[PDB]
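As a starting point, one isolated chain is supplied in structure tokens, in the form deposited without the ligand.
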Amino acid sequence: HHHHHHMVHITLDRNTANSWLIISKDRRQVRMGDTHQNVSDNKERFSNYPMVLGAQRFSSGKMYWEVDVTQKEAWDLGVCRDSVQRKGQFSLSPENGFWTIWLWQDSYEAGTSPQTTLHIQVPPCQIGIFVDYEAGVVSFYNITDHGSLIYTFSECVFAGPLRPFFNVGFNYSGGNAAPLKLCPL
């Protein structure tokens, strides 16, 4: 792909983070803590899952960023509406305002309803995410495998401003402590 020149500098929004997340000083890395991180509750925080949003809001144009997923067993990545549900249980679907892919139990799936099997020969260590607001497109790229396409959501009905979306996943296994990291331009 040739989307690299739409690169945007994403930072994480602490106020949206689940209360167990640890976000680095530079707001470019996030991991699951082993306990509550001693923050006050608020209506923005994701309560049920280890999720956080980027601070940036997008309503036009073409945007591209990259995320490092090295050694993680489970995660979700993509974009979502600014007005997605924060509290309680919900599924990641375009009906609920999410355009995402994930790793879970050694398989990769796109967050359609119902979910779609992805075909990845080279497990990615870094994922590229491309949004074309006007075109209604969200695409995912395997940076480890020379930028090969993973998945394209097309005919997207964003219906609002978009924010970068992250889930570091639970760490019940003791094998999923590694962070998500926003990779440098």
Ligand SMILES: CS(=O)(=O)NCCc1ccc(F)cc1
Contents of the next structure:
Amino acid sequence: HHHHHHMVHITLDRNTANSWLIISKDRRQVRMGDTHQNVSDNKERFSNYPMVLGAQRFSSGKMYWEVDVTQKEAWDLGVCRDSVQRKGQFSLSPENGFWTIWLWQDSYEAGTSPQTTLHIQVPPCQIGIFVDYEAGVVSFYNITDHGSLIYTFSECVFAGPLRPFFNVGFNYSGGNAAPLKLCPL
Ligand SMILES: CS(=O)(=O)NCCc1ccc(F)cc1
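Could you present the same protein in the form deposited with the ligand bound, rather than the form deposited without the ligand shown above?
Starting with the chain above, the whole complex follows.
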């Protein structure tokens, strides 16, 4: 790929965070806390999962950013509609307004309904996410493996503004405490 030059500076929106998340002062890192983080509830917060949105909203153009997933056992990454459901249980699918991939139990999968098996030879430590709003494309790149393609969603129905989407995953095992980090340009 040669998408790096559509690089955008993403920051995390604390107001949208699950109440157990800890977002760094620079709003570029997020991790699962070991308790409720002493914030009030609001209608924007994801209630059931350790999810948070980026502050940026996109309705046009080409956008690219990178995320560090080093030493995590579980996470979800991608984009979603600004209007996605925040409360209760739901599945990550384009029908529900999500364009995502994940790591879970030593397998990588794309968030289609049902999920799609990914084929990655080099486990990634950093993921690139590319959105072409006009083309209806969301693509994922393996930065650890020379930028090799992981997955492309095409013919996307964004149906409104998009926000960067993150899930740090649960830490039931004690092996998934590490943060998601937005990588410098
Ligand atoms: C730190 S942990 O060992 O992963 N425990 C998770 C508890 C929890 C459950 C649902 C949430 F929406 C947020 C947190």
